[PDB]
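**Student:** Residue-level listing of the chains:
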Amino acid sequence: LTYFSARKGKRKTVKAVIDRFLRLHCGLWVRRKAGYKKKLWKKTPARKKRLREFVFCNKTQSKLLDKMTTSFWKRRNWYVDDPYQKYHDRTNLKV
Amino acid sequence: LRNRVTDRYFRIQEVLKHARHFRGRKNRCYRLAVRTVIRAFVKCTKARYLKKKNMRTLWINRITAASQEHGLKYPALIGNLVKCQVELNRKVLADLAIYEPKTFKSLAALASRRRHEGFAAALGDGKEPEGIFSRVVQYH
Amino acid sequence: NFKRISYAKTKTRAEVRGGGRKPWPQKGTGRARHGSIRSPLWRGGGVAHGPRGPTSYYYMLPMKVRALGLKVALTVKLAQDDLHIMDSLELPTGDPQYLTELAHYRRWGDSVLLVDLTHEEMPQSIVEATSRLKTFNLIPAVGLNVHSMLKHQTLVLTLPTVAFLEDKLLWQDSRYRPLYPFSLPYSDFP
Amino acid sequence: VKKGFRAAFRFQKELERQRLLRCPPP
Amino acid sequence: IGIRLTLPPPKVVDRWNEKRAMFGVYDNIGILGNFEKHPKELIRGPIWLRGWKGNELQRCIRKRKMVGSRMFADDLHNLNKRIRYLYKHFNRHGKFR
Amino acid sequence: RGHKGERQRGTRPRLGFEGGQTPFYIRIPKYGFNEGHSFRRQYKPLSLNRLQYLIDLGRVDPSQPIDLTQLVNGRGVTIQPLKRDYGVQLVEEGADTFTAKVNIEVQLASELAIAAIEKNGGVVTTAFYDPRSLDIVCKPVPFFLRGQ
Amino acid sequence: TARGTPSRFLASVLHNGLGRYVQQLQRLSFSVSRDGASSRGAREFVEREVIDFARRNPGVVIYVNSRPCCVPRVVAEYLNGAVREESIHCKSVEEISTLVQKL
Amino acid sequence: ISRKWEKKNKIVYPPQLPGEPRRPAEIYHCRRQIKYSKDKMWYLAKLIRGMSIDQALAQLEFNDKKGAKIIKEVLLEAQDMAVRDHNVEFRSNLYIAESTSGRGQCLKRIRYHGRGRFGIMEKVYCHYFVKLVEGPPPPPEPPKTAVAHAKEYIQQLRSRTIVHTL
Amino acid sequence: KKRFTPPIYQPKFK
RNA sequence: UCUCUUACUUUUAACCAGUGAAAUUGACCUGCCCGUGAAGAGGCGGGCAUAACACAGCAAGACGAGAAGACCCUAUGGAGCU
RNA sequence: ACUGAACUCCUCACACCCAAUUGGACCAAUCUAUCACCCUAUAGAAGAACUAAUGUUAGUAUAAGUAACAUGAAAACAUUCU
RNA sequence: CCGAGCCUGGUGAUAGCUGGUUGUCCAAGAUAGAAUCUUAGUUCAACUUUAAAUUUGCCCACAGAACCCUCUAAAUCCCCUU
RNA sequence: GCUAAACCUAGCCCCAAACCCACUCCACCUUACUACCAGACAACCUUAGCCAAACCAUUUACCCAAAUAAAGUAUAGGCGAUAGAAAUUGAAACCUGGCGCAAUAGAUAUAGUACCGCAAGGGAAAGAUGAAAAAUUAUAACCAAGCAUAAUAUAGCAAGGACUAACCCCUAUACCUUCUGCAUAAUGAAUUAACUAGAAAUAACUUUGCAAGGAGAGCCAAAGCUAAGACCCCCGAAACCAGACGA
Ligand SMILES: [Mg+2]
Ligand SMILES: [Mg+2]
Ligand SMILES: [Mg+2]
Ligand SMILES: [Mg+2]
Ligand SMILES: [Mg+2]
Ligand SMILES: [Mg+2]
Ligand SMILES: [Mg+2]
Ligand SMILES: [Mg+2]
Ligand SMILES: [Mg+2]
Ligand SMILES: [Mg+2]
Ligand SMILES: [Mg+2]
Ligand SMILES: [Mg+2]
Ligand SMILES: [Mg+2]
Ligand SMILES: [Mg+2]
Ligand SMILES: [Mg+2]
Ligand SMILES: [Mg+2]
Ligand SMILES: [Mg+2]
Ligand SMILES: [Mg+2]
Ligand SMILES: [Mg+2]
Ligand SMILES: [Mg+2]
Ligand SMILES: [Mg+2]
Ligand SMILES: [Mg+2]
Ligand SMILES: [Mg+2]
Ligand SMILES: [Mg+2]
Ligand SMILES: [Mg+2]
Ligand SMILES: [Mg+2]
Ligand SMILES: [Mg+2]
Ligand SMILES: [Mg+2]
Ligand SMILES: [Mg+2]
Ligand SMILES: [Mg+2]
Ligand SMILES: [Mg+2]
Ligand SMILES: [Mg+2]
Ligand SMILES: [Mg+2]
Ligand SMILES: [Mg+2]
Ligand SMILES: [Mg+2]
Ligand SMILES: [Mg+2]
Ligand SMILES: [Mg+2]
Ligand SMILES: [Mg+2]
Ligand SMILES: [Mg+2]
Ligand SMILES: [Mg+2]
Ligand SMILES: [Mg+2]
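Residue numbers (the authors' numbering), protein chains in the order written: chain 3, 94 to 188; chain R, 10 to 149; chain F, 105 to 294; chain c, 31 to 56; chain i, 32 to 128; chain M, 51 to 198; chain b, 2 to 104; chain T, 47 to 212; chain d, 38 to 51.
I should point out that these hints are in silico values taken from the structure, not numbers from a laboratory. This list has only true hints and no planted wrong ones.
A short, non-exhaustive set of chain 3 residues, derived as facing chain M with CB atoms under 10 Å: (1) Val110; (2) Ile111; (3) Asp112; (4) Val123; (5) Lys130; (6) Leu157; (7) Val173; (8) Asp175.
List of simulated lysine-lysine pairs, DSBU-like, C-alpha gap at most 35 Å: (9) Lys156 (chain 3) to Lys136 (chain 3); (10) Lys115 (chain T) to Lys81 (chain T); (11) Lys51 (chain d) to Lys113 (chain F); (12) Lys112 (chain i) to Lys54 (chain M); (13) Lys53 (chain T) to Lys32 (chain c); (14) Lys238 (chain F) to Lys68 (chain i); (15) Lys154 (chain T) to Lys51 (chain d); (16) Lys108 (chain 3) to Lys84 (chain i); (17) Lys49 (chain d) to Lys126 (chain F); (18) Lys101 (chain 3) to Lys126 (chain i); (19) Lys50 (chain i) to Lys32 (chain c); (20) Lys152 (chain 3) to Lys103 (chain 3).
Note that CB positions come from ideal geometry on N, CA and C, so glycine has one too.
All chains, full assembly: derive it from the sequences and hints.
**Tutor:** Encoded structure:
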């Protein structure tokens, strides 16, 4: 991911991670199950509904996605009409 | 070079001071002197148990020779000495057998008498005397 | 460490003039395996891991931490009886002999840091007295730090100088956020 | 040359010790 | 034998010289100086580091960007080779990845 | 460094390579999560509770009209000229126990916040400004020192 | 090892346990520097406990040269003539007290 | 390069007392840079060792080697300097006490083998040391007879005592 | 093939 | 050429005089048998063997010296031909 | 019956015997500031340590005084002989 | 030293392949597997290394864990007491 | 004590400043180091390649306009390993050193000298007494590897335990490594002296300072922000292109 560039000497990110995932401010990444739009005629409606759900990642996957990004993608955005605004902060956490 | 080595000869002398009485190139070649001193120290540390075992075997051999010269054996003597409530290690027994023959002969006579009393008690299944020099002392 | 520029620079195995072809075949002769000379393992090569170019150890501390350090140095100089407050740094004749005699009589030590104010408003007597000695120094109220105080044994200040220091050290407390540098005209801050 | 003084001082002390050991003064 | 026989001469140093007795003068001029000049401007040395730390490769990049347009030929070639080597060593080799 | 091999020679693959195996961040198809995030309008929150707190502390005087430069001088909110920020919105979190009575100019004000402001006798003004106007109103001293 | 260092026998110098016991230690020449950070323990010792150590046994004489040096040393001479010179470089007061007591 | 053998003839001794022995003389002399081998010089020195000067000269005059005449001239000039400067009257009352050999400065040349390779031709050089002492030569150490061995064995068997106890 | 290595001559200064 | 080798001369061979190598060397106070071990022991166990030091010839062993084997296999390291 | 370990006990206090790996404490040669100048401490930096890479350079032992090796003879040194 | 030359620059080219990797003490510390044009490598499981938050970790017992023709053992899984 | 060990100066690298030079007479474009005779033709051109994506055919900063935040953002990319701006507030004239070194270090250099090929080209060590060498004196010696002084004396990885004495008595299978297992008959080594091998980001841990704000413009924030400490090797191939050289 180029830890040191040749012009600015900073850290670069992977645009695939940004285009395929979505990081929340709490420290979770929202992904999408693969194969949710291809070959839907041989799958049961239960599987079709399960594939169309925002599934969270794990620990090592979240750590990898954080290491592949810089400090810009780990901030807090205040959009006007953000459907994921209620998922930024995570309450009722006891270790 | 910046802040390089300026006191390497002192380490060489500190290593070689333990190799001032060896034969061959081991007292001059540092590369071999290191290994020689290492093995020497390892053997000197590990030979403590060997020295203790050698001293114990020498004491046992001296006691056995003294018992054979007096007219007894070593296992019977050790048994009669441990059955008479007298705690004397091998060193003092060897020292007496080498320097003080009268007390060693007295100990041999006491051991022979204790062995005879034990044989008599075993053949009689004792009942009444059980040995004059026997009678263990009870410590409460 | 904030004014350190190490000009040490050693060439590597690539900047050394030499080393191009391959000395002796690796499979042919029975010598050691080497591909080029001027290596850190050969004689006359470059340094493997050494100083590469000028290294700058530049780093800045927060202004509040530096102000607190100045206040702590002042408290240390005041508590240990090493702070003599004056009213007007003037001399009758201006000479190093009288100055060092007074310093030895008043029990100060082998060194003392004389601090004035505004630099331009300094008399000529004490200037000519300190221009002939090494332990005695004359720095303005702005050029006062911590290393110069710790290097000397005692400190000498003046009423306007100590007032300036007090207000400049209390300006750090109960203030606004930086936002933009204080070099701007602002409104209340001069 | 090798920059230093403490190791040189220790070496000089060792030389003086060897000198006084080989030639014992009265 | 790599030990010097004769003792070296006593390197006496006057600890109260010019820069020694006047060390740290005019330091931290922004706080108690109504903020006129930054303390980083008092550093004298190479122009590509007056108030900037950086890494080993970042310094070379800054030197080739600021002063790289006014150097020699062999020096510029050596700088480019060193930058290529640092790039290949930092973005290909290493650990903790 | 452990045993020999790539773990000791340093010749290791980049972060994310699983040795020929398709990595985790590749088998997942793309989705419109961050399509045009660099063009969305962001607004810093501002609750009425913090406004009443600033008024009680004295950093916001309720005698003059409050806009953006007054909030920047009072240092209650941090308005960034970059990061695509079109002003500061209003939050109705501090509805109860809010007695201020002062006009305020907010870019985005909700119904509850406007109602709570008008209860005491305040005026809410909804205005829009381009990022240039945001940069001008945030720090007017460098804008005056500019020369334009 | 034992084959590289000389050895001796265990015996008395002049039969001290038979007749009367005498003090083997004679003089104690201390070298404490005037200024420095390597003789603080020796300085504190000479300040607080050297009087008690001298009054404990009258047969031991203590000499304080007070020579400005860098490594504080101590010279201990006995009746047989042996001179054992050890250094108390960077040691506490308790360590120096235990050392002089053992000497 | 170090030269400390030719300077031993300048050690001045204090005047003795009438109740002191005669004390024999010590004459040091040696040459430098001699085109010869150190092994052969050491063989000649071992042939000499502690014998009379006249016997040494006689053995060297009929010794078919290269350094024989060199050592002969060395002994001749040493005896001459002894009888002229070191206060020596008798010419036949001398004997060699110490006689050894050293090594000289060496160079490097080529050898030319039967291919592209070659050798390192190191010009071997050596020296020769000798010391002359006045007085008659000491007799050689006679071999110990059976009586000496018997006495030593009796002493060894009498010196052994009890061990590993008290 | 016919493997063969040529000898190397040292400089004439040693 | 052999059964079945032989008679002489030179180079060469042994000693004397000097220049004087190359490969190679972990250190050796360096014997044999049986048995064991990373599977073929002068350095391990049990036995046999033993005053020390050079010269003159042969190869049985020290898996002896020269080439990181050219024969078999691996390499997402190469090159030639079609 | 006895012999027979690093197992247990006797005076002491007990962190002082696993591959890779990880954590905690000291140690020394350079410069700089602070004290001493028969040599050490407090803090910052390192080209900060070599029993080994058929590692590079210079000195020197074993191999080894080992192999190779010169000059035709007599002589007044004017000559003669194969 | 031509199945394709010498010099310089790309180049300190790359290479899952070989070798080496510098002073002390103490403590902890040994591997159910899956994927890959891969088993000579790599990534993820499991274990090991630090400082914190929570309370339960191990043999636990009467009892519970369809089978079918022909037998079906040594055992295992949850298990407050100790 | 012989061999042989240390003695500092030619200076060497980068900064700030400054823009730096090129015929005493003759010879120098043919066989340069040659004084003198008849076809005048001679430049104006995408660089390539290695590596990486575990191959590789698209792709891979090197492009010569001063900092920074934006920002590694939109974008380009077998949409993948990677590459990468712009719009925008802005960027305080003048001061002579080394917390670098001292001949295996620092330029290769006392020098581009000897030497190798016809040729391009490759290319290495040098110099130590002293105020008076017009003081050729008498001293300053003492430490590594090799030697004599002063050879061997039965038995055994060269070591330990020891006694009145070297041996004699007992025990004990060199060193680092790929390896479950190596002194093994696997790898490296003759020694001494000099040199040589863990360089670093996001995210983490600890300690000061301030605090709903921190931070010397830019960035972060539902207890946060700044600073400091702490960390990630060396050497070794066959291959390819570009510029010049040889019958
Ligand atoms: Mg090069
Ligand atoms: Mg190469
Ligand atoms: Mg160099
Ligand atoms: Mg290895
Ligand atoms: Mg492996
Ligand atoms: Mg690779
Ligand atoms: Mg595949
Ligand atoms: Mg011969
Ligand atoms: Mg074994
Ligand atoms: Mg066998
Ligand atoms: Mg063998
Ligand atoms: Mg091979
Ligand atoms: Mg493969
Ligand atoms: Mg391939
Ligand atoms: Mg290829
Ligand atoms: Mg090809
Ligand atoms: Mg026992
Ligand atoms: Mg135990
Ligand atoms: Mg352990
Ligand atoms: Mg280095
Ligand atoms: Mg180093
Ligand atoms: Mg070494
Ligand atoms: Mg070899
Ligand atoms: Mg080596
Ligand atoms: Mg031979
Ligand atoms: Mg011959
Ligand atoms: Mg490499
Ligand atoms: Mg592999
Ligand atoms: Mg590739
Ligand atoms: Mg721009
Ligand atoms: Mg040089
Ligand atoms: Mg050179
Ligand atoms: Mg020696
Ligand atoms: Mg034996
Ligand atoms: Mg090692
Ligand atoms: Mg291997
Ligand atoms: Mg194997
Ligand atoms: Mg071997
Ligand atoms: Mg092998
Ligand atoms: Mg070998
Ligand atoms: Mg032709």
